[PDB]
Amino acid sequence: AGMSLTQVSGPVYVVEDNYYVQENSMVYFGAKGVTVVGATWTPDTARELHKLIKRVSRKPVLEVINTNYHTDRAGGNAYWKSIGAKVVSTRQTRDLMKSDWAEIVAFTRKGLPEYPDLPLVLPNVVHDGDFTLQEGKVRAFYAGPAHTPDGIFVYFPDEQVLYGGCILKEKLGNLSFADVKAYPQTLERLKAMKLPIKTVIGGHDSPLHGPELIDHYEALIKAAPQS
């Protein structure tokens, strides 16, 4: 399918968005409504995700988290706003989105000419620190710069699942926005938290991994150019 939505543990589901370059995002089915983590690539992909959500739950989509300011994490924003979902990010992410959205859209369209020239749609709920949703069961935090300056992690303590959006994945990638030397230092700050982790969801490539995906990517980036 163009997109799948599949349970990994309890109320925590993984989105495999096979549009453009495959990106993986998360959905949390809560008691009052649904939290989406990663807005997906475009307003059209966001609509496709909503269609899948409505086959699982009748409860409203409450909010969507932009885990960074890039197109694969914020592209769906127009759709989510249109249905009355909050679009949530850190202040850092929101500020970078305002200044750099045109730049990231242009960069995206260099490799993906078919990708739409999306207008800026900013988060309307902005956090200055770490934050939680869903009665503390979805926990977002900053541990330093990596793939971008602003990318955040989202942890699901009940299910022991960690999502890092674009930060964690199988292949190195081309690193155009990355802080190559800080990247492993951010991964080590993450590991030093000693979070109970059974599952790490990679934001690209195949999503389902164990905690060792962190070590896998750390080793790749420590061997990279400019490391």
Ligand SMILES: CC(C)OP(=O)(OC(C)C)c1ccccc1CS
Second form
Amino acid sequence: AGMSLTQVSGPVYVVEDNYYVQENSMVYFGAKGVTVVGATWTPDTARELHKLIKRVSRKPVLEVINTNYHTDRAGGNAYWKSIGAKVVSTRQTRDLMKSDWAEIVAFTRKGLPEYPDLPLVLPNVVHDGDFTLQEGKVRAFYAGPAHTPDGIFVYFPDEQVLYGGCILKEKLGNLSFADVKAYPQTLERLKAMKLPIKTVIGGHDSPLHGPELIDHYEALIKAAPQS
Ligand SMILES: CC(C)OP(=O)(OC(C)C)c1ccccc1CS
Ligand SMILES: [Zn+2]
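The form deposited with the ligand bound is what I want next, because the block you gave corresponds to the form deposited without the ligand; please supply it.
Let's see the whole complex now, leading with the same chain.
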């Protein structure tokens, strides 16, 4: 299918969004409603994700997290706002989105001319620090710059699942916005937290991995240009 929504553990599901360049996002089915982690590429892909959600749960979509300011993590925002879901980010992500959205949409369309010229849609719930959702069962945090300056991690402690959005993946991927020397330092700050991790969900390529995806990407970026 163009998009799939599949249980990884308990209430934690992975979205494989095969539109444009494959991106993987998360959904958490909680007691009061649904939390989406990663808005998906466009308002249309967001609507496609919502369709899949409605086949699983009648509970409201409460909030959607933009794990960075880029089009693959925030492009769906217009749709999520339109259904009354909160759009959530750090302040840093929101500030970078305000200043740089036009630039990232242009960059996206250079690679994907078919991609729409999306107007800016900013988060309406902005956090100054780390934050949690779903009674502490979805835990968002900043550990430094990597693929972008602002990208955050989201950890699901009950299921021992870590999502890093665009940070963790199988191939080097986009380095155009990356802090190549800081990237492994961020990955080491992450590992030093000693979070119990059974599963890492990569944000591109095939999603399902163990904790070693962190080490895999770390080794790749330490050999990359500008390392
Ligand atoms: C700004 C966007 C999100 O990144 P991107 O230019 O998207 C291309 C146009 C598909 C891109 C390029 C190469 C590898 C991965 C990605 C996604 S992080
Ligand atoms: Zn990405």
